[PDB]
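In case you want the letters, here they are:
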Amino acid sequence: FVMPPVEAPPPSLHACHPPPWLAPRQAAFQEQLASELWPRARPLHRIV
Amino acid sequence: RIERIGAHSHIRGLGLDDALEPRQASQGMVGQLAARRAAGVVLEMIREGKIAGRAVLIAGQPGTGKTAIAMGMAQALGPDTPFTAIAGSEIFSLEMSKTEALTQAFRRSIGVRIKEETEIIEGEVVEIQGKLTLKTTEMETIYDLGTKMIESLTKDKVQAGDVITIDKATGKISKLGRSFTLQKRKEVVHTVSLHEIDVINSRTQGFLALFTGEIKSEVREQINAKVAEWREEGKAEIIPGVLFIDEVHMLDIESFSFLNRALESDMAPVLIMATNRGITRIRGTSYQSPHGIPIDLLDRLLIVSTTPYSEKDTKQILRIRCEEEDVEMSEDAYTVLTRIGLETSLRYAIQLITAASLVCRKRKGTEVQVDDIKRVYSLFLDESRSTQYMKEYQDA
Amino acid sequence: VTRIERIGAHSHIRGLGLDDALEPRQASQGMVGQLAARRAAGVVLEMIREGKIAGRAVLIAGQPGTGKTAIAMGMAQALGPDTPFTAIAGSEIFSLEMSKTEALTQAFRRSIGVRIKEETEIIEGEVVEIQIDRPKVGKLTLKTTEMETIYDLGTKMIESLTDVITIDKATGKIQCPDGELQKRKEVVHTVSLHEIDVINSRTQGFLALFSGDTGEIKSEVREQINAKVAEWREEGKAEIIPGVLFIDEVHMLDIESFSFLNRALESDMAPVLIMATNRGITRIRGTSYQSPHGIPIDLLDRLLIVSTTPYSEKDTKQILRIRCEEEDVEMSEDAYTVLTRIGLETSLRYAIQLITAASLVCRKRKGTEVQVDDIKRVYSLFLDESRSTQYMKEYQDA
Amino acid sequence: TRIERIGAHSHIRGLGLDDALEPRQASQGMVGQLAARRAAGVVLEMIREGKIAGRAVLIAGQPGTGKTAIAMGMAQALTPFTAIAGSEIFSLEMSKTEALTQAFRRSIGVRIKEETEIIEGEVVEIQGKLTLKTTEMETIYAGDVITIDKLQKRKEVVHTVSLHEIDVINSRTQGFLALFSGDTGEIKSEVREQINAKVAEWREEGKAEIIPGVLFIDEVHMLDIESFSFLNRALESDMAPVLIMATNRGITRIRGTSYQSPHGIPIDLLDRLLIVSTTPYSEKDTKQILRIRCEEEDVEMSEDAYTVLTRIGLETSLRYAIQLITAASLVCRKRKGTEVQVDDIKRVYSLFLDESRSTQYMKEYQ
Amino acid sequence: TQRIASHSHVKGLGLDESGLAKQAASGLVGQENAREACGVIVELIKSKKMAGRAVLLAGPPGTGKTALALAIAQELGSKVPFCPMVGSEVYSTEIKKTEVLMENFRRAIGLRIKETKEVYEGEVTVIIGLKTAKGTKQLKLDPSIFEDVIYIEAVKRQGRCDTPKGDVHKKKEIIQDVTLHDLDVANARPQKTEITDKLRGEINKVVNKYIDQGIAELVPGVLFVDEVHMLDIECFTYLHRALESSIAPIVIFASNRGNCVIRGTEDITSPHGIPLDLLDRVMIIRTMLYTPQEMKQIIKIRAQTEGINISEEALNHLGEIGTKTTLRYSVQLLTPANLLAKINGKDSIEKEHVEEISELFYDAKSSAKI
Amino acid sequence: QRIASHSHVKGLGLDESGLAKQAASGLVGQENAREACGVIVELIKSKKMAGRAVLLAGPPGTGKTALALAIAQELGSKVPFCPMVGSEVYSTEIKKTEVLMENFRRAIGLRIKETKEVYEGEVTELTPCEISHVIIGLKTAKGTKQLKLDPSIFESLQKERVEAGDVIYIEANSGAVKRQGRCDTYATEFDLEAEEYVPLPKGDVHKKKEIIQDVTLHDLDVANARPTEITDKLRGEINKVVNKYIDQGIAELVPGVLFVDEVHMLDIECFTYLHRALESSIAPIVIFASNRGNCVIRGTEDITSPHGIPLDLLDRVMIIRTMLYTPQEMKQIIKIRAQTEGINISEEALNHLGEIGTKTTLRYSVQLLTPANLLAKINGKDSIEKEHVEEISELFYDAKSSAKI
Amino acid sequence: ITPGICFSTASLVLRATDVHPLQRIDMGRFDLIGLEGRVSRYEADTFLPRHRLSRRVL
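Protein chains in written order, with full-length UniProt numbering: chain R, 1978 to 2025; chain S, 18 to 146, 159 to 210, 232 to 261, 265 to 449; chain V, 16 to 150, 157 to 183, 191 to 202, 226 to 449; chain Z, 17 to 94, 98 to 146, 159 to 172, 189 to 197, 232 to 447; chain B, 12 to 136, 157 to 178, 189 to 195, 200 to 208, 224 to 251, 268 to 446; chain U, 13 to 142, 154 to 250, 269 to 446; chain F, 917 to 974.
One thing to keep in mind: the hints can contain errors.
To spell it out: a stretch of chain V is covered by chain B in this simulated footprint if at least three of its residues, at any positions, have a beta carbon under 8 Å from a beta carbon of chain B; those stretches are [as the list claims (entries may be wrong)]:
1) 17-31
2) 104-118
3) 269-281
4) 287-298
What follows is a list of derived Cβ distance ranges for each label pair [to be verified]:
5) V/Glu237 x U/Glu142: 18 to 28 Å
6) B/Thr345 x V/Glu376: 38 to 48 Å
7) U/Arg333 x B/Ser346: 38 to 48 Å
8) S/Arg438 x Z/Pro343: 52 to 62 Å
9) Z/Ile131 x U/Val221: 49 to 59 Å
10) S/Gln41 x B/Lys445: 52 to 62 Å
Rough simulated footprint, nothing fancy, chain V against chain B, three-plus residues with beta-carbon under 8 Å [said to hold, decoys possible]:
11) 32-44
12) 312-324
13) 377-386
14) 414-421
Think of the hints as simulated: they come from the structure by calculation, not from any bench. Positions of the beta carbon are idealized from the N, C-alpha and C atoms, including for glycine.
Generate the whole structure from the sequences, applying the supplied hints.
If you want it as structure tokens, here you go:
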């Protein structure tokens, strides 16, 4: 019964960061979004 | 239940009285007055629940029973109390460090008893397609189900008439339901081990709590803080446990320096150190030291020496081995067996008894012949005979 | 009140004192003393700031405690902005995950910098709750204190909208001075040769800010990247700037890093690196052969050794006066004489450790002047290396 | 200009013996070494028959007898051959036991006879009913290619597959681990028991057969004692390919320990090696193999130059005299002549030197 | 009451207001020079102006330098962070050797952060209407969150059962203390080796942006480093650059043995296991030698502290057996003598009880004689 | 031009007769070693001998790295030249045998000039009207065309944003690289479309481009292993497909040349793989360099061997002697740096700098040549005088004066 | 606490190097397949549309 065991998390959490672009970028900038949209059904139903 | 009795499973507990006096014919342990006296002192100190974290070493000649006294303390320690026996060679790992394994050994032997309350209703179930009717000894009551109870009954192949337990968290229990083909408080005090530090660090709990450096930085601190908070709000206490360290002289001085400062904490359980030889150099340095241990760790611990065995104590141990392994001996074989066991080790005499019983049951006889055990002893050799009879210069 | 950059040991200086005729002074920019080391530092700094040659090693050495690290700290403070300075040690390349050769060429990658001049357009303005929805451009009106603008929105900009919102030429980003929004900007940006990691593997930020990568892909990072940075060279585009690498504790480094430094300086993209050495005759690691300087002849022929002289009585009191000028609590003249005698008989860092405790005893006194008895009690309570040697005659442990 | 054109001592095709297994004096192979080539032919006939297992043959002699040429001749006259060095099994991700095991198990080959039924071709329907864009047949029961496994053909395929089925059973897919070495120490019961049972069932059903291999391990003068303890069981196992050890040094201290033993081996591997010693080349044998090696790159020599070349190759190493004709052919090409002279080979000997020339001139020690 | 605490007899340092070190004060009776030396060190920590200084401790094994560091840590309290570390903890297999001493200076320094946040206490209805005891308000909800109170920072369900008063939007000021290595681990691990350009470059700039104006508050820490005489010379090389930095907090070193051989060179000897370049950069503190009167006093104070009242003859026996062989043996003779008195029924401990316990248990010198 | 440490190397100066000039491309000295390296560069350019090894035997401080660079510059850019430091072998995650074998595969390379037509995309020809048949036009600055493409390319088209104003680069193997926002998209003078604003792509439809390209086999192994190589299945497949490519008449193999420094500082297992793998018939030529003389081989602790090379490795290797010089040409070599530097020097300062060069070593004078010109630029002198060099000889010390103090 | 670090800026020279028109490949080597004997059938299926398209044009 995992109720008491998992206590409070560490109080600091960051996120990811996309680095800025001030030039020509429409290629990988639109296939990286597609390759992030490929795993939206695959981590579904993980029972956790 | 079929488990063979080993060399240390021949005793059941330790000889203890009201005044804590060591006996001779008590529970299979014979002799060794002062070491068992100190073992009874530290065993009462453990079982009292007062302090923990004193380093006790057991020294003496090879073959005086430095290992069997630890098993006698562990059997007489009592149920629901952890006991862990680790050598020096187990923590020599290439995947993890030595200090992390020693902290695992320290935090493994601290048990936490947590109390919980539930409700369990036992009775005959009559299902109506739906609702249920519990026919019990007290009352016969019809209950109306909600939403999740019907779902929990339909996910499982539930047969009517069996015992169905309704808890507060709605957890079904199917125990002895296929053998033929209000109840207010059940206080359950469950014992857990403190191996949940990586459960704080990592996320998985199935593969993690069974078989991994786990964020030392501030992982143990939050666990110790919540343990201190539980210790107050009397929801969770804490019992210690015994950690036996076997043959500590084969360990590096870095783990010694780590144990010199890891023992001063409040989370340090009782540990029983084993040391066999005397003047032995430290693996890692170039200077010699007594007991394979430097002055820093020697100042921390205490030493108890083992008295060597006598003749009548050896005869009584051989009588216990006679009465234990179901081996009927002759009266003229005790003197010959004592004469063999005096010049050799005791475990070689145990192996001699076992092989003589094998040959006697091959003969299918009841009494052990003196010529039979003489032939069995002449079949094998000794360690001094392995030194002596290899004088042919077989190799280089 | 409390900041990160506090007053440390080598943080009291604020640059390096140099002139046009390369004439050192007695007290310039915090650094006091070492005239030949000052001239050598000025020559190597002018040679680096010229930027003609590449792949030269200049070693400095001497007695431990003569302020040799502070010379490089003053060079790094007076180096100037937009210039990469990489200060590594002899123990940083030792790792059980990556190799020491990969770590040393990673430090070489950190050394050389690239200055890139670009021109962008940054739009600034306050947003006033606009864009009536889907039936999906809507409108956008920005307000200033001079003139407002009224117009419509775009198509793909609706995701960022789901307070000054500064949007660049790209997809997007997160009192105010006025002006036209089509502000055009030049961004002289400095790159520490991060062009390798952005295409070497995916998710370049998690490999660029913190490590975790393996050895970089051979035959892809040393010839192709060099050919392409030559393609960006001499065409009106960006030009590389060789940075300053500073290496510590060379005399206890392995012979394999010595053999790699024997041939790394002969390459084209090789920055001018300087190194420090404290000990004298020390046996090299890896072998059991003794050698002077801790460095074999094959690397000493590829560098120049600049020796440093110890301090005198006149320079030590000037260092004490400029550290009292850096600090707050002053002293008595007899206490300055006693502290000068201590700094002459013992090391200078021992006097630095005594003067802070004397200032704290003066703060206990709640005064503005350290007396003689205060620093006498501090010297009596605090021991020294040469003082505690005679107290080790008890033979406590071995 | 294709990939292998000439290298070290490998120019002869096959190995050269007779019906009575006696080498000639002018034939394919090398000149001389009657007992060595005879024992090589005997053990190669033992490999061709394949009666027993655990045949370890050690070859020894002076440095310069050409053990590599004998190994290449036995390889070309041979079935999966494998020639490994003494440092290929020494890895970091794998241990010194798993890598030598994978080197042992790779030489074993399996011939598989598989008969399948295939109905392939182009579509002419959709939506279920099957016909073709045929040449031949019809009767249902656009443009894409569909193959169905049970026109109709019973195809018989012969596969020559190594024991890397152990690679594909433990793996999830067959694409990743089939191109590099692989994982760490796996389940050894899965390697032994299931593989032996399924190959025994394939032998009982008559589907596949097995053939052994040859492993040539050169330069065994340096080897840790872990491999010497592993070869106690490796030679006494149930199945093992044949091993040809090549040791050059006579007396060498084993790394990690301190012992004095011949060939760097303990007593356990001492009586397990069929030891063949060699004989250094004579005058006529060296002159004849130089006459053979003159036909490599189509280089002709004068009459008075063979004696000078053999006189240099007798005192110095033989491979130096092999390299002398290559270093002199370019000077003869720049001379624009179809025949070398004495001054050419003397100039080449003055330019390039050997260990015996550089022994005296290194007395500076600066 | 948690009886397990080893070195326990400490309330603080016992230093008076006039600078004099009182002997019979705060349990730790003795070591006047160490307390007068650490009275300047605690002011150096409290002033938070100068940092990056090393204090080396020296003396015989068993002078109570761990109790002195614990007294400093209890004088500083829970506000100033205290990070203990031994010399064997920096060694690992998958973690490199130059990673623990790098992260100690980040786990030592702390930062106080005060953030104002909101809580939506809506009950039941992507458009989710949050019903309260005041009214209902609709909010545009993200497509990420699909499956009582929620977590609105940048989704706790239920909370009640009737088939939770308060306003729709709220605010609260959370005041926490975060170490810089926790910031580094959170940077490395989103919702281990730290790369230098992030750990030194960007994190210091964003912490300056938080201090930059009012918000946070920077608090330095105290790094206690024991077992320095058996530390590798590469860790000494990194420590030489660690002391030559302005962002490093105060580090107190502890040495045990008198002279050693430095691990890494294995040929040269050195006093206290430290080379001259590092021993020049430390502040030498020397402990004193124990007297039997102060020995009997500290044994009496420890016994009166823990649980035990001892008569004069057994105190004399403890003082003699501590003068002969080992002080810690006289420490360890307290609890089995109390257990023997509880078995025999005596409320106190006489000379015969400690005599029988000293007859049972052995010493270190007595084991060396055997 | 950012001149490096040594930039004297532009050739080796070999004539047709086979003689060695006294002064050619700043490489004065060693005419015997000049002929000995002319023989091996003729062996490289002849493309018939593979599996050889060259050792350059000499004292430390002669300049054999410049001789190897002269070999590489006489070969040029056709023959791949990849030098290897001896400290590039001791890796942590990859074994040393695999590192040496991957260097041997970096040596061998090919060249198979080919072709490739470009398509470049029109603006808007999203016509999925059949899916097997897609009509896509093209509107370039030269004009407009049309093409029919099989369904795929279109399956790559719907994956990326195909809107009004995009670029569609189509390769020969259905490799599509696409952009967004081109030509003109300024309809109502509205806000950002957040795209790339590019001018008109000037150029026609149908070009026929030909590129000569050198491809190394290690890049091929990296590109084929991923979506430690097996020496029974992978490299044999590479050998078979390269054999098929050169029998069909596509690629052309070139020999491999390597140059290894600090050979004696390697492990003995690297040695027993080295002189076993150079015995192969496909082994490239590797010029080895031994730095110091008689020492102990790493891993032996008792075996004494010259040049730190064992007896099995020292055999079957050509040896070229490189001895010391005469001092009367040292002032010539400094002059070779002077024309490299661009600032002319005087006559007496050359004499003093040659005296400092013949005092201890030439490299000390070569390194002190730069601060002499630096102080000449600071003080304002157009040439280097004797005072600056006699001051910099006393200001900067060598290793001998540092060991003296 | 979930603090926010500002994004590290970059330049336009970084990514736009590893790329260009075309001409950097050879063939599809890592594509497992059988077709043991059907090789001549794919040969015939390549030779026939040459004649088919030549009859369609002419």
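Outcome of the hint check:
no.	hint	in the structure
1	17-31	holds (count 10)
2	104-118	holds (count 8)
3	269-281	violated (count 0)
4	287-298	violated (count 0)
5	V/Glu237 x U/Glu142: 18 to 28 Å	51 Å, violated
6	B/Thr345 x V/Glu376: 38 to 48 Å	42 Å, holds
7	U/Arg333 x B/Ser346: 38 to 48 Å	32 Å, violated
8	S/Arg438 x Z/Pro343: 52 to 62 Å	33 Å, violated
9	Z/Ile131 x U/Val221: 49 to 59 Å	58 Å, holds
10	S/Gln41 x B/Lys445: 52 to 62 Å	29 Å, violated
11	32-44	violated (count 1)
12	312-324	holds (count 10)
13	377-386	violated (count 0)
14	414-421	violated (count 0)
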